[PDB]
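For chain A:
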Amino acid sequence: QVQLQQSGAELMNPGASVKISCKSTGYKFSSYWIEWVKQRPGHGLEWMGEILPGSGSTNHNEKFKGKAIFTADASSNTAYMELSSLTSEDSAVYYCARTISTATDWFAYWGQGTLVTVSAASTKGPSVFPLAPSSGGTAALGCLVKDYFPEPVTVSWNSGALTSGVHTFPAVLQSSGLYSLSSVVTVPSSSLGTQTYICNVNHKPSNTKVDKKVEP
Partner candidate 1 sequence: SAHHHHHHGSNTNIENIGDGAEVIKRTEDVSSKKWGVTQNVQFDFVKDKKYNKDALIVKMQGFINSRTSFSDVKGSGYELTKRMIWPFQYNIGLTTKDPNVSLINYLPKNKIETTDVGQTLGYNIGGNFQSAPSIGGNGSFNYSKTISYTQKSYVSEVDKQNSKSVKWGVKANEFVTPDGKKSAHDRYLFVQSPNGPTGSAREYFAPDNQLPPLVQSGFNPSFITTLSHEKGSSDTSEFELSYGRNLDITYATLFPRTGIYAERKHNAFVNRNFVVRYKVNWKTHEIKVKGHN
Partner candidate 2 sequence: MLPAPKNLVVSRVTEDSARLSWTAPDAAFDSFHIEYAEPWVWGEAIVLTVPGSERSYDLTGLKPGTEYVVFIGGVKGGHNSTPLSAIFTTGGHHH
């Protein structure tokens, strides 16, 4: 029910194309522009273009004039963007944003973001291995998500019941072309023999849902 709800993750081979969605609730588009923003992992925020849906009249930046196609469907409540000749440059996260001016107050909505990965070698499920704790007044424990492709993976502990002290590290790209990350959590040492800790790994591209128990 979120205003601008974008598509899920995506993996497309180079040279091809991909079209991602931006399912938009909110009273009436076909009167309000909806724009698209691209963010390289190198902290760069770049404005792509927009489209007035009810008219189809597009309005884009010259950088993406040959790389992005904007459409929108008034029958449902969705706007689309298509990317031609996918290279490694276009691997980024793409947000759609709507904004409403009115007279009293002012609205600005954004989407969660869609990850686009441009590669060749094939979705692979992750492998989860526990890291048993050893220490001091505090004991450390975590899970190891090794060998998976592509990004991302969502990791929660105790189905979200444990949040304080958790640190999920960003994935690093190994030499084999597969990602690998670690997620640890600092808990008191006296809670090792009484409380159970389980990490919830979820890789939506491969439909993998692993629940591993961490124990000394």
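Criterion: a contact is a pair of C-beta atoms (placed from the backbone, for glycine too) under 8 Å apart; a residue touches a chain by one contact, two chains touch by 3 or more; residues count from 1.
A quick word on the picks: all candidates are chains of the complex that A comes from, given by their letters.
Undergrad: Counting any copy, say which of 1 or 2 touches chain A in this complex.
TA: Spelled out: of the options 1 or 2, chain A touches 1.
Undergrad: Of all residues in chain A, which touch candidate 1 in the complex?
TA: 30-33, 52, 54-62, 65, 99-101, 106-108
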